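Asks: Listed below, chain by chain, are the residues.
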Amino acid sequence: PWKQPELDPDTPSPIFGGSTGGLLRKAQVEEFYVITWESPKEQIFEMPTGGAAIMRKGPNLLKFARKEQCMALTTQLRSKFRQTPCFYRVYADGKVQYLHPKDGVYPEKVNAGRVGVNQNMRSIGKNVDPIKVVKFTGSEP
Amino acid sequence: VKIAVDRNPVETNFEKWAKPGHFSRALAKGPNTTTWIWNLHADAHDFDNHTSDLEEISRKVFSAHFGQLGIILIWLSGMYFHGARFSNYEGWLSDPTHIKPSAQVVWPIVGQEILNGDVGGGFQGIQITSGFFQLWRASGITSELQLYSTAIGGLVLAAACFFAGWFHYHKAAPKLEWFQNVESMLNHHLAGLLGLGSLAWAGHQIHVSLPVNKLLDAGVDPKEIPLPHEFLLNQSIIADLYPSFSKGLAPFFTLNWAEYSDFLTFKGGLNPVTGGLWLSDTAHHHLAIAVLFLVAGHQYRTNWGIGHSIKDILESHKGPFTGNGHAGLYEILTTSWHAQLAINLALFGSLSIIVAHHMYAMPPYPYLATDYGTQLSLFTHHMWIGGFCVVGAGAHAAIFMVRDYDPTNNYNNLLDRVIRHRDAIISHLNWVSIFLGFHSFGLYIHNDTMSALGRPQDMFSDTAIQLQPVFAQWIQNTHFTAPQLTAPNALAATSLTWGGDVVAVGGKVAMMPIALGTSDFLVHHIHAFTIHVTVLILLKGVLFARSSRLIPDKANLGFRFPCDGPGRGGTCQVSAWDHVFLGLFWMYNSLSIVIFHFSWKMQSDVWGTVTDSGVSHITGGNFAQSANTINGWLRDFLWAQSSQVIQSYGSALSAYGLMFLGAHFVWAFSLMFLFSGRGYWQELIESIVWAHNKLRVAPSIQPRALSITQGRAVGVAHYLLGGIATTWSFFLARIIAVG
Amino acid sequence: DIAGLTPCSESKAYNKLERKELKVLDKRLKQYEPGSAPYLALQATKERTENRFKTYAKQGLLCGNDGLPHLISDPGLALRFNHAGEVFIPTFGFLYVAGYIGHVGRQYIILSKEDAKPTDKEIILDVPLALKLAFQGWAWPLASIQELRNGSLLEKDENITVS
Amino acid sequence: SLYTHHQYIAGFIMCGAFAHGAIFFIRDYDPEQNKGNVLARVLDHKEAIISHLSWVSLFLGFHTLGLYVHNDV
Amino acid sequence: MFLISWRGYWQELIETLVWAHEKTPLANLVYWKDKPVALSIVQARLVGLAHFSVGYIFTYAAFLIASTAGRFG
Amino acid sequence: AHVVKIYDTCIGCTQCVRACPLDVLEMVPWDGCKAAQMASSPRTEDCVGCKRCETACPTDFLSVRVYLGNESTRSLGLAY
Amino acid sequence: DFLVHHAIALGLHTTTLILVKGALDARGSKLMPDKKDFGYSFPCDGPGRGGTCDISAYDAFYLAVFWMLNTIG
Amino acid sequence: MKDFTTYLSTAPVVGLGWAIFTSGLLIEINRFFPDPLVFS
Ligand code: CLA
Ligand code: CLA
Ligand code: CLA
Ligand code: CLA
Ligand code: CLA
Ligand code: CLA
Ligand SMILES: CCCCCCCCCCCCCCCC(=O)OC[C@H](COP(=O)(O)OC[C@@H](O)CO)OC(=O)CCCCCCCCCCCCCCC
Ligand SMILES: CC1=C(C/C=C(\C)CCC[C@H](C)CCC[C@H](C)CCCC(C)C)C(=O)c2ccccc2C1=O
Ligand SMILES: CC1=C(C/C=C(\C)CCC[C@H](C)CCC[C@H](C)CCCC(C)C)C(=O)c2ccccc2C1=O
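Protein chains in written order, with the deposited numbering: chain A, 69 to 209; chain B, 13 to 751; chain C, 78 to 240; chain D, 371 to 443; chain E, 663 to 735; chain F, 2 to 81; chain G, 517 to 589; chain H, 1 to 40.
It should be emphasised that the hints constitute simulated quantities derived from the structure, not laboratory data.
Idealized CB from N, CA, C, for every residue including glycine.
Possibly wrong hints are sitting among the right ones.
Pair ranges (Cβ atoms, derived) [to be verified]:
{"#": "1", "chain 1": "B", "residue 1": "164", "chain 2": "C", "residue 2": "124", "range": "49 to 59 Å"}
{"#": "2", "chain 1": "D", "residue 1": "398", "chain 2": "A", "residue 2": "193", "range": "16 to 26 Å"}
{"#": "3", "chain 1": "C", "residue 1": "125", "chain 2": "B", "residue 2": "457", "range": "51 to 61 Å"}
{"#": "4", "chain 1": "A", "residue 1": "200", "chain 2": "C", "residue 2": "150", "range": "25 to 35 Å"}
{"#": "5", "chain 1": "D", "residue 1": "429", "chain 2": "C", "residue 2": "125", "range": "29 to 39 Å"}
{"#": "6", "chain 1": "C", "residue 1": "125", "chain 2": "B", "residue 2": "247", "range": "38 to 48 Å"}
In silico BS3-like pairs for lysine-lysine, Cα to Cα no more than 25 Å straight-line [stated by the list, open to error]:
{"#": "7", "chain 1": "H", "residue 1": "2", "chain 2": "C", "residue 2": "190"}
{"#": "8", "chain 1": "A", "residue 1": "200", "chain 2": "F", "residue 2": "6"}
{"#": "9", "chain 1": "D", "residue 1": "416", "chain 2": "A", "residue 2": "194"}
{"#": "10", "chain 1": "C", "residue 1": "89", "chain 2": "C", "residue 2": "100"}
{"#": "11", "chain 1": "A", "residue 1": "131", "chain 2": "A", "residue 2": "170"}
{"#": "12", "chain 1": "F", "residue 1": "35", "chain 2": "G", "residue 2": "552"}
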């Protein structure tokens with residue numbers, strides 16, 4: 069984006085009684101993920117882990133243990149309610165990382181700033197046999 | 013409330029018969045692979061996927077159900093017809109004990125006439141085990157002419173049912189409003205169908221079946237019986253049998269009902285002659301049942317401002333621990349068919365299981381308990397039907413969670429709160445299955461190991477470390493000593509299984525008290541192990557259908573999908589469909605032992621020929637000693653009782669010897685589909701397509717291996733068919749050749 | 078004779094098996110009355126059984142020590158010792174029928190593929206065409222060698238390969 | 371026991387020859403070096419080998435089972 | 663089991679036992695060194711084939727020796 | 002720790018990018034195609050191996066391949 | 517003795533089919549033109565292309581052992 | 001009627017007519033000419 073939005077760790081959360089699909093001991097020790105978005109009204113939405121919850125008008129914040137749990141929610145909000153979520157990654161040390169709209173534009177739209185990675189300039193197939201690379205790793209690279 | 017119908021919605025013509033796949037958008041294009049063929053027959057009756065309109069889904073359902081009735085009624089009329097023209101009913105009616113039934117005589121081409129065994133009665137044919145002959149005798153049926161007319165009625169009514177399905181879909185189909193009038197259904201279907209239907213049968217019982225079976229049990233010849241219409245017209249005839257008829261409905265309207273004690277009774281027990289329930293007791297049963305359903309049908313609100321409303325009932329039973337409870341369910345059940353189908357199949361399958369228990373101990377029809385093949389075939393049948401129906405609830409409930417679940421309606425509801433502690437359900441239920449499989453099945457291995465080591469004193473058995481079912485034993489005596497204290501007007505007990513004396517008919521025992529011991533403790537606890545596990549597989553699939561930790565978005569993938577991918581270490585058989593595919597294997601392992609329990613127990617402890625000195629059971633009472641060991645089930649049940657099947661070559665039971673083998677082939681044949689995968693087969697077809705291509709003889713419809721979910725379905729189908737058909741041959745050949 | 082096998086006429090166990098299988102019916106026939114239909118059914122089975130045994134003996138079959146007829150497969154021994162109808166001749170009776178099915182299905186496939194929408198012609202057959210080919214296939218061996226000698230039977234490296 | 375012991379081993383061993391023969395085609399096979407030789411000419415027309423094999427399995431399977439089932443009945 | 667029932671049913675089940683081991687009051691103090699996960703796909707085909715073949719062999723060895731030894735002929 | 006390589010036959014459909022839940026794939030400009038787009042795989046550390054990307058590529062043979070390899074906590078999809 | 521020696525032939529010819537196929541089609545198939553890049557043993561290539569379960573040459577050896585045991589039985 | 005004849009030309013309906021022919025032919029050839037094994 070213009071600039072990465074820093075994390076506001078104190079924002080209101082949705083109205084959700086709780087469930088058993090929440091966070092486990094891995095979260096405090098290794099890492100966990102949090103997602104933010106801004107809603108115009110009070111609505112109901114399905115959580116990835118558990119049941120239904122009620123959003124809040126204004127900013128909202130959740131905490132998840134997996135990136136798929138977060139991106140599963142973005143696909144729901146972008147489609148059903150047509151919003152623009154953004155989620156981070158929090159380590160146990162307190163470090164924070166801004167992941168998904170890393171360029172500000174979603175990945176399915178091009179942008180001039182991006183640089184290609186893992187781009188082979190050949191056709192699928194048309195690559196050396198494993199015997200040529202028998203004693204080190206990799207036939208595709 | 014009112015009637016609502018839409019006229020001529022659909023034109024009737026064979027235009028779409030020529031265009032298969034019209035119902036689906038994808039299939040209407042046409043086939044370019046052979047996978048289009050399998051998807052056609054599969055998605056044919058999934059009306060929810062064809063269209064989003066709930067109205068059209070309702071029209072299709074209400075009219076297809078008319079088809080199953082017509083399909084049933086020609087089947088039912090076939091039994092009456094085949095029993096009239098190709099049977100020995102008139103001969104069996106005069107000597108029921110010695111003559112065996114038969115209604116499937118065979119034509120004389122290659123071999124195949126030896127199957128027409130020497131049944132008896134100047135007749136030779138296949139021996140049936142469906143219990144129609146005892147049913148037709150429980151009602152007044154002495155001649156074949158009554159069966160012909162009954163068959164012609166079914167074809168007439170069946171065509172009407174087929175005609176209605178066309179009429180109530182193609183010509184004059186109801187609206188969605190007519191279907192959502194739920195309170196009128198229960199009012200009509202309780203009072204009208206169950207109420208008057210039971211009252212009417214009592215009319216047939218009172219006016220026809222009682223006198224006819226009174227004369228037949230008194231030795232009178234069937235041809236000399238007065239025809240059932242004579243009892244209606246002549247008040248004098250039936251009065252000779254039951255003098256209460258002479259008063260003529262004055263006792264009823266004056267509320268002096270004791271005068272009808274002649275034919276409305278509370279005897280209990282069994283008839284000493286027929287080994288079946290007193291026909292007078294059943295007329296009293298179905299009569300009281302009608303009055304009970306009639307008042308039940310006047311409960312709801314339909315139109316006249318009196319009665320209950322289901323919505324106000326549901327949203328008024330609330331609690332603290334539950335929060336918002338039972339609120340949003342009236343909107344669910346009035347909107348999704350799958351929710352109702354889940355509830356109904358569960359209680360329509362658990363009912364056939366109740367039928368299986370409550371018939372064998374309480375034989376309602378005459379001369380059924382002495383036909384051991386019939387009594388064993390009805391138990392095995394109506395139990396398997398219960399297992400399939402119950403498993404359908406787990407499948408047809410997961411479809412609701414995936415397709416017809418809207419989280420907006422369910423917030424802090426019962427359904428929402430169940431999902432929010434699902435990990436507690438499956439976790440606590442996992443511990444029980446492990447606790448039971450150890451303490452139940454481990455006891456069998458302990459007895460096997462102790463016996464092989466020469467330590468029979470340390471086994472679990474009657475002469476040993478006895479584990480006796482004290483609670484059931486106390487309930488047997490309580491129901492046995494009930495006529496004295498808790499039911500004074502009852503002349504005897506409900507059944508002799510609780511306690512009493514033997515009832516012998518034709519030199520064979522109909523029913524005698526069943527004793528429970530150490531072996532019956534282990535088996536009754538083995539059943540709970542298979543049941544709590546079968547629930548774990550289905551209930552896990554339901555709750556984790558919509559989302560899980562491994563796959564937070566399953567609902568977008570759908571109800572049936574093979575896998576998300578090899579990632580996450582592997583995601584094969586994660587859908588709710590694949591949970592049903594696993595639960596069927598456990599339903600099979602459950603009821604297969606409920607059935608072995610019924611066969612060995614009743615052969616050893618109950619059935620047998622009564623002599624002057626007691627009873628000589630079929631297997632000499634070996635259930636107590638041998639059953640504690642698994643080798644006993646292998647030796648004394650399988651190796652022993654398979655002698656009648658294996659030695660069936662050269663006799664009328666030869667068909668069972670072949671089905672016994674063919675059932676094994678189809679079972680093992682399933683293993684190719686379960687163990688293997690689509691990948692190996694699609695490559696093999698390519699090398700085959702080369703040869704078919706080399707000779708310019710190749711199909712334009714490309715050959716494709718079966719889908720993943722289909723290979724799993726094809727497996728469990730050929731698996732269950734071979735596993736079930738083996739018992740069907742092992743049992744009927746064993747029991748028809750008695751002992 | 079050959080292979081140490083006796084003819085079925087001279088065998089004792091063969092006649093022993095006949096006397097056994099008839100004794101089962103005679104015992105079963107005692108139960109019913111003379112003029113009843115079960116009696117007529119069993120008498121017919123008796124008549125068929127007596128006919129099955131004499132016809133197999135008349136046909137020069139070979140019965141072993143067990144008393145059951147055995148078949149011979151080599152055309153040399155079959156023709157030398159007059160046992161050709163057993164295996165050798167039915168081999169040509171099948172292959173005429175089997176090639177009939179191939180020559181017919183091969184022609185329906187080729188001809189429908191020369192038109193538009195051949196996929197529909199497989200699920201919805203052209204029955205007039207199928208009957209036409211089915212009654213034109215009496216001389217399929219002629220057409221095969223005609224098509225082989227011509228070279229229009231096989232395709233030539235216009236087929237998909239995998240590497 | 372001596373017969374079954376060796377024959378069951380003969381099957382396990384022989385299933386390894388093909389398995390360890392398949393690993394050769396993946397890891398230790400060079401097509402350009404082995405060009406035009408017998409080993410490449412086999413791999414070229416493999417659709418014929420796998421097909422003519424499937425005929426023999428199907429042929430023995432139908433006709434052998436059909437006779438046992440013809441005799442069972 | 664390993665042949666018919668495949669991984670996805672089980673990994674969701676092990677996730678449920680993991681929840682219980684952490685929420686239990688006293689057992690939560692104990693913690694694994696290596697995380698528990700279900701068996702892989704290829705591993706199960708191997709494991710289930712071993713449980714398959716061993717019963718195929720131990721069953722016949724008993725029958726072969728017992729049938730022949732008891733009769734002594 | 003899986004490997005994702007995209008090949009020269011990409012046509013800029015973006016169906017691979019829309020399908021991946023974990024945001025491994027993104028679109029980058031390129032001069033080889035009509036659409037003037039190409040995919041990329043900058044962050045394969047978050048890859049999981051669902052092979053939904055391969056399922057969506059409409060080419061004759063795939064312009065995207067997931068070569069499975071060494072596992073990890075993120076790759077095994079472990080919430081714990 | 518005739519029928520069994522032919523039924524034994526069913527085993528050897530079809531067991532060879534399963535193992536020969538897994539060898540020759542080890543390098544590539546139309547469903548998976550490059551098996552050689554993955555390896556001898558991998559689970560599958562995914563649910564795409566109609567399904568790719570049990571394609572690898574390891575899965576051919578896996579299925580042959582069932583026939584090895586049946587044949588030797 | 002054009003659509004009815006087309007429905008009768010589908011695969012399973014034509015297969016049903018085939019099955020009755022081949023099966024009835026073999027049976028009646030075993031009803032008469034009972035128990036053939038050797039062909040004269
Ligand atoms: C001859 C009269 C007639 C005609 C011309 C039509 C014509 C039509 N109907 Mg209609 N219908 C009729 C009678 C008729 N119907 C009757 C009597 C009923 C009541 C059951 C219905 C109920 C009905 C419904 C509920 C629906 C239609 C639909 C349709 C349309 C699609 C037809 C189709 O797919 O063919 C199908 C062709 C068949 C030959 C089907 C045969 C099915 C039989 C009953 C199964 C037999 C069971 C078998 C013997 C059991 C053994 C199997 C074993 C494995 C157990 C078409 C306009 C559909 C529609 O509106 O189109 C979207 C639709 O949803 N009809
Ligand atoms: C008893 C079980 C059983 C049976 C019968 C088969 C049968 C077969 N397997 Mg198989 N398989 C099994 C278990 C079984 N397998 C198991 C447990 C595994 C381990 C996963 C495998 C693994 C396996 C592999 C890996 C391969 C096979 C192959 C084959 C085929 C070999 C060719 C042959 O002889 O066909 C002819 C033999 C038959 C017995 C034909 C069966 C049909 C008969 C005639 C009945 C006909 C139907 C009848 C008309 C009634 C139908 C009515 C109904 C539709 C209502 C054949 C279809 C190979 C193959 O397909 O190559 C061609 C192959 O590559 N199988
Ligand atoms: C007293 C009135 C009455 C009676 C007797 C019935 C009886 C029945 N209803 Mg029902 N129903 C009623 C009122 C009634 N309904 C009302 C008021 C509504 C709207 C609120 C509905 C809406 C309804 C639906 C939506 C469905 C049924 C179905 C059924 C059948 C269930 C099949 C069964 O259990 O096997 C018992 C079977 C029999 C006893 C066989 C008898 C069959 C004959 C033909 C029925 C005769 C009774 C008939 C309803 C009388 C009026 C018909 C007349 C106008 C021509 C059963 C025949 C199901 C169905 O149609 O399945 C086919 C179904 O899906 N009902
Ligand atoms: C009142 C009973 C009832 C009704 C109305 C339905 C209705 C439906 N079910 Mg359901 N189901 C039921 C009971 C019922 N089910 C039970 C008891 C079970 C547990 C076994 C299931 C398990 C089940 C599953 C697992 C699935 C369904 C699905 C479906 C839908 C698609 C129907 C379909 O594909 O069939 C069209 C017809 C066929 C496919 C033909 C069936 C052929 C069977 C398998 C063979 C029968 C063999 C025969 C009896 C014996 C062998 C002899 C042979 C030689 C002839 C439809 C809404 C599917 C779906 O997508 O739901 C949305 C699905 O995935 N159901
Ligand atoms: C005989 C074969 C067999 C056996 C023993 C099992 C055993 C089990 N299955 Mg199972 N299963 C099988 C076949 C079998 N399956 C097949 C063929 C299928 C395919 C349909 C399935 C599908 C299936 C599903 C879908 C599920 C199971 C589940 C279970 C478990 C239930 C918990 C329990 O009671 O365990 C208690 C222990 C026993 C029953 C073991 C009995 C033997 C004794 C007690 C062990 C003795 C140990 C000994 C003393 C120690 C020796 C140590 C030594 C090293 C010195 C259990 C581990 C369920 C599960 O795991 O979740 C709870 C479940 O959900 N199975
Ligand atoms: C009434 C219930 C019913 C039943 C039981 C079936 C059963 C079948 N249909 Mg089907 N179908 C139905 C209703 C039904 N359909 C309806 C209502 C429609 C809409 C009009 C269709 C439209 C339809 C199409 C368009 C096609 C089928 C096909 C098939 C067959 C699958 C192909 C196969 O496995 O053979 C594979 C066969 C071979 C590889 C070689 C040919 C040898 C065959 C087996 C001989 C002929 C079998 C014969 C039809 C059996 C008698 C009928 C039987 C049900 C009693 C299968 C027999 C397909 C087919 O080709 O049928 C044969 C097919 O293309 N069906
Ligand atoms: C068949 C025997 C099985 C018994 C053992 C099974 C134990 C497993 C269940 C544990 C779940 C506990 C959490 C409850 C869930 C809970 O918190 O819900 C709260 C609920 C009370 O609800 P409220 O009154 O708050 O609200 C009810 C309203 O919401 C109405 O919808 O508690 C109960 O109903 C107690 C149920 C005891 C359940 C145990 C008995 C179940 C079998 C019934 C027969 C028992 C007597 C048998 C002797 C003859
Ligand atoms: C065998 C098998 C196949 C191949 C099976 C196929 C292609 C089905 C074959 C269906 C045939 C065509 C039905 C017809 C069979 C007979 C011809 C019917 C007899 C007809 C005669 C009487 C004329 C799979 O595709 C598969 C996929 C996934 C897991 C396991 C498996 C699997 O085990
Ligand atoms: C039960 C089951 C599991 C779960 C099974 C587990 C976790 C059991 C393995 C752990 C236990 C504790 C080992 C039991 C000890 C063994 C009896 C002895 C092992 C001896 C080795 C050390 C040599 C799977 O992961 C699986 C995966 C794919 C297909 C099918 C299945 C499957 O069926």
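Asks: Would you pick out the hints that fail for this structure and give their numbers low to high?
Replies: 1, 4, 6 and 12
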